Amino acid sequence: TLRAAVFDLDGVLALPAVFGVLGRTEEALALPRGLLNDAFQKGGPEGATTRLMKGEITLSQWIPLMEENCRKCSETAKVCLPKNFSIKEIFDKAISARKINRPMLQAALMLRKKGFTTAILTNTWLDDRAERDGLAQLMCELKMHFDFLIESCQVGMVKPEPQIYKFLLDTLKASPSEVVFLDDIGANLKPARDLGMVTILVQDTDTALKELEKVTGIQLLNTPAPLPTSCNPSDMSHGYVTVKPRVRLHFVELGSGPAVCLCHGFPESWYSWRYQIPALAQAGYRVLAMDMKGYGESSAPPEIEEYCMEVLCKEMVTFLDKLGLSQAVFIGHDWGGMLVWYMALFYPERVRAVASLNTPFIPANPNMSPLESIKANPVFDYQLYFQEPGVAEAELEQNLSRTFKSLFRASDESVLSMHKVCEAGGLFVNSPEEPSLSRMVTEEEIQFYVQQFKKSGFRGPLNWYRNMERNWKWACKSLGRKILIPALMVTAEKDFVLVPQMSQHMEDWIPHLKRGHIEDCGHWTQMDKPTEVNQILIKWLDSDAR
């Protein structure tokens, strides 16, 4: 019974094989066949390449030794190497061209999801080249998906030496018959085969996955499109900034590059961005996913006025100040989307670019009280129910698991009537006590929200809705302005409250506005359609937040 899968890197998890360039270079330069592959393997276990792979020397020290081997081979073959011959240039280009073998990575992800222990076992080097970051980035993207990474240069052992296989088995805490081992080099397969491991010689990926599927009894080929990588809260870097004596803001941080500040809505968490954080960080951004004021590990003062937009925006400016950031891209959803438009209006110098999911930008009407304006739209009745301090807190805090399971549903899973909420007497009046789990969330994800809301409950979050008059007076000061910094509005076809139609006049105030639109998407955009959200945001960031 197999319970562990081991993959090689070159030619298996990453393609084209860096090894493959030697044959290509020979052909392109009309050199005798196998000359470069000979200089490379020269001296076998005692040679320069084995010393490199065991970590005795670095890649930069290996380059002149490989150069020396190339001549010795050329001299024997009675051929002259071309004038401008460069081993450094050949290897720089080969390493740079090598990319993750996405269907192979998908198969490894599926096996791990099914309970398999997975590992990468590779003959690799200590890379000190000026361009080493490209390879460091590839190794980082890949290794996060595996239980173990065993590199020859770190362990002082190489394949096909028998000791590295015993080392692999000791690491896996598994007997050989429990291991599938995948490799593109026949010679490197034999010792694993000799120990009784299941072995797969990898030439083309489809056949290798067919053999892997047949031997494990798990569907790996032709599978449905997987979800983007999520976040495990315990594996994240957690940051904490005091913005004023009684208020601290918590955030999760991942990646390098331009700062991207993600701002969740009601009643959410930094974790509502779980599918976006790894994707945006891998796309070359430094993601700061906030617990907004009133939520999770951030402070939750009880006063209603602590949650007016002016105060919330001022604190987000202080947050940037304390972190030493002159700007960040601000991306918001729901109440977070309203905050990001106001950050763009009041602090354009601190906003690199702005994007909202679902929340439109509608200028305040100075001739209508916000109380009057909310009353006009029947879908906003729940906002009237949220006004009286304590009423909605009591209902939302009674049973947390029920609250989150009732709220977080796809457009075809509704359990609530967002209609005549006050008259009905609550959001959950004709709602099940034990709602079924939505296709959008796991029980584990629901329990994370439950755990977060046990600290402060719903007072602070509900207070975001209790500053209508104050927010209206503040917003009226901005009526003569336009948003002229880069902006993106993302509508969700099936959000029945923040309907796409509400965004129809935004170009009057944001003339250069860019758009995205997601079909068959409800209110909970990030978790409803994470793949599409990621595609839209990454495309926009790369073109406009540059």
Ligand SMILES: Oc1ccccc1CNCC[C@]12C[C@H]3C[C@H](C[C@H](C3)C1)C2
Second form
Number of protein chains: 2
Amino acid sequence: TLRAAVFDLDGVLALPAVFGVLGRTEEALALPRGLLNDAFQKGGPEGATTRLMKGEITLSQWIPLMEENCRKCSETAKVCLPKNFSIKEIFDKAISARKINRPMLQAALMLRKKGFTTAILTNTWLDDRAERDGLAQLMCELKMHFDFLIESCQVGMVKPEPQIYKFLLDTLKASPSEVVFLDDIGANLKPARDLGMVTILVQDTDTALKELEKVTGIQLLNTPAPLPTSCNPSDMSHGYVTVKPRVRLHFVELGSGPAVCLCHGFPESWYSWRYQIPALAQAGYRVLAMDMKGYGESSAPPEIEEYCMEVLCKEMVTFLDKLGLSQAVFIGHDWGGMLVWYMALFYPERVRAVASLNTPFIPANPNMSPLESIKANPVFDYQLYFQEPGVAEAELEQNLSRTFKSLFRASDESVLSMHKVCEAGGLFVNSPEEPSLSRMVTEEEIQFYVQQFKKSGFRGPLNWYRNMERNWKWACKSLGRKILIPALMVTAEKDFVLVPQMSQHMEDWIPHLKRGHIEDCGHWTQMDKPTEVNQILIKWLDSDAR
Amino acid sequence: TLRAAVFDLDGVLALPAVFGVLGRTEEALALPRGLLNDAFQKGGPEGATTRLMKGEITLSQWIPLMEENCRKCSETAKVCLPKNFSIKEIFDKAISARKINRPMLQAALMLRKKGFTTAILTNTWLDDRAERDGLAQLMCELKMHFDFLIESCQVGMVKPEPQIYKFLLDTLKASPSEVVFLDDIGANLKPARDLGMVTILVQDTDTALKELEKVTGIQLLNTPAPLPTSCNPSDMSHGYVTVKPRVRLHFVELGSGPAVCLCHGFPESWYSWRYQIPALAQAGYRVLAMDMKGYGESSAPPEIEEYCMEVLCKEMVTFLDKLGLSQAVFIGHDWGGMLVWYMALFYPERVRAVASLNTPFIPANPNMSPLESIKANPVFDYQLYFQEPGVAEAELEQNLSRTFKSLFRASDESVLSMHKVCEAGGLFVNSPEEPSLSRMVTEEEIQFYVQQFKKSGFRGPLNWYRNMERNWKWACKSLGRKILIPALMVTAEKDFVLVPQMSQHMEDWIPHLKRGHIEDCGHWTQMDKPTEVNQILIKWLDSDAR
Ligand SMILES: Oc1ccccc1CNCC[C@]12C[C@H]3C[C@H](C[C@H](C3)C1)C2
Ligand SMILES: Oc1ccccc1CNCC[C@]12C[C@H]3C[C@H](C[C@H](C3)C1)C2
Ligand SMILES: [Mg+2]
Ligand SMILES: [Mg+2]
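With the form solved without the ligand in hand, show me what the form solved in complex with the ligand looks like.
Complete assembly follows, chain above in first position.
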């Protein structure tokens, strides 16, 4: 029956409400209880505030008008407004103190997830204050989660005029008995009830959600901690830079602030960063999530030499050049992790800070060829299988769905042993044709990967494994150096290839190395434990990179 | 005969040279003349500094080694190094005091313009200082102008070892007698002379360029003030955002810092901003230059209503949303200028600062329909001609080359009178088939525009002129407000349509309005007088928007 949920901003999706500054200021300054609310409301439908809410006048135009009303009100209540009394001040402070009511957003999210059309309907104002960006930021953080945002000052109507509820219904394409509307102000509920909407008067958050729980029949309170916000590919800004004649690099870009460049592993995609991209933009950073050379919409020349790290690196530098970026933070996972450590070692002027998930930094051994080295660790048997051009492409390109459904699994979900891959004759030799879906990924998320790899298959991705000798010669040049720029290493308890212990010597080369560690976390760090990864990266960024 | 020019960085493309801090520090601290240079040079080919220049060790690794050398040197010269003596300090200060030697860059530019292959060959170091970004920035500003940048610490060789000159020749694909090489250090010239290169010892800049002038036979000193740096379209990062199902917006993006969004006029393109894009990135800003709805690689639906400003504006806001930008600076020209004033009036929370070239802000007249209004100013006769869907498309799409070659002209170059366009039957009725090239544009720059308009022609661009009544109704909503956010108006003496006097009332609606004025400047502000426009925008941005 119910199909739509409507939330007010002030007092409902954001707290404390700014009305509750008129109350507290009055107490705090020992003025007549209600004096400020009366001045705020002066003149009713024709007073300064309604014209503000209707978009007739801007906030800065209103400030003095409210001032005059506060003067009138005090003259007739025979009190003095204090010295240095400032409506700009009271309102600046109130407006920057309002934060998202997290439990309320979360409930909105959940109902949107079970199919409700959600909307914010709010009496707001055209904000031209010097400090207006604060409110611009909150509104951005809020609106992305809703189907509609209806602002009094944009549509020229206000709660509780009946016409805005008609505007609302018409926007939702819903009849009034299909709608729950929450407000903290009863008068604003009134006309919604007249049309027969379910209404909720929001005093404390928990009680409003309990009423919301009961009326929608959807569990909203006490629910499991939800995932971080993900990316809808076709809502992203997509960016393309030609770093040289045959080679273009694609990336997705979100946020303002210091540039932070995410480098995915084998065989992944910018999409592997879907859970970090919102949260880092949110935490004040300019996220550039790449398709690394060989994948997705980035170019994928055939030749093996196009994928040695010396060339991959120079290319990432050119990418900064053409974007006009002097530096960026490089954060990598798996292959991307190996590459960012080499960015630190060969171009520290370009790297603001370096971070890797799973991949330790390990120096070249100038005494031992790296193919020989590789045979010393059975767990790296798969890297030998990848050598012969053609062999691994054919297994991996055979069934793309099967491929990703097989590879992308939690630590307790593994359907393949990395043991004796060459002997057995393939990575998937003893795994299912139709593997169950991992708990980590939806059917759709697998298909996006599938579609990506339809562009260029696995030749380019595999080539990364095919320059061992050439990379070793180049790495040997870096044996005299240390990474002295800020740097974070994040180990994953249950990555059975890139085990935590592999990283135990890193302090010999990177003496001021910071660490973080995720428990019960397989190889696919970013989607396995997205929350924990976001917190470790944002805490490190705020301290080492800001 | 000569075909390539090679420049060192320190002392040649950047001044003061950092060697000249070893000299001045010695004086400044009253230490033995040459003590610091000796320590710097300690050990010759095997000492700390050469391994630094070869990329064996990073700058921060070297700092203490140089320290130890300064200790040895003072022990044997029987002097005391002062208290609080700091090589990190001396070097930080020296490195941030080096600036581009502008006249030297300009000469490099010029020779590149007359066909020389230009290169920077420099003994430099891997910079991992906390303050390394400064040098990252200078190197970016320098390298974009040259064919090659060869860095000692990247190639593992150093001046004056003979092998780097062999590496140089091989990079240039040139024989030694085709190359001029400038250095401030004679020893570094030595091996270039042995191979038979023309060499120049750079003491003062002017004398080196005079020698360079004579040997290349190219005027380099006393030359006319050159244009600002322009954009090569295929070297730009290109970005695309779907603001809604049928509609994608394209833009080019350069730089880091506060976001600055450039909105071109009718009938233009992001490319109209080619002269501002580098300079504003350079001045520390994140330039997003659009293709506005209807042009270039942005979508161009047929329907007239898709181009009223209410929709164009909402759409620009969505563009901020999807890019994760809470605000931007909006700077517009012509139609783009009209649109940004309305962005200020309807979404001041999203606009950090607003700027228009040529286009005054003019309020709607609520008493007079804007079609009627339009007949009151003969100079706007062309706007009536644009009304009838089909008519103006056909003239304008007939010969694209002729179209832009006709439209894009300096104030003293005009080949069409805006007078009685409807009467005459077209904009180009009495102009040439094959117009001369304006002094403002090259043949190639016309063809890029030509190619752009081949995608969607003039239907979308023209539609901007076709919502007069609808825009007027919407503008009327804004009659109560004032623009109180920072705002700049730039008038162009000789725009005969958008005359300076048209803007004379703007202070009634925008009381803190800043102004700038360009003399001898036609309608095509950005390419007519690019230098002057850059200086007015950067000065205003630094003061009102930073
Ligand atoms: O090889 C490198 C190179 C550099 C950095 C890290 C690694 C570690 N690579 C692990 C990549 C992996 C290989 C194989 C297929 C699929 C699932 C597992 C088995 C893990 C992806
Ligand atoms: O109409 C508007 C609307 C809004 C803002 C400014 C203007 C002013 N538009 C001037 C555009 C112009 C029209 C015509 C063809 C070509 C050469 C000149 C004659 C100038 C471009
Ligand atoms: Mg409320
Ligand atoms: Mg020098």
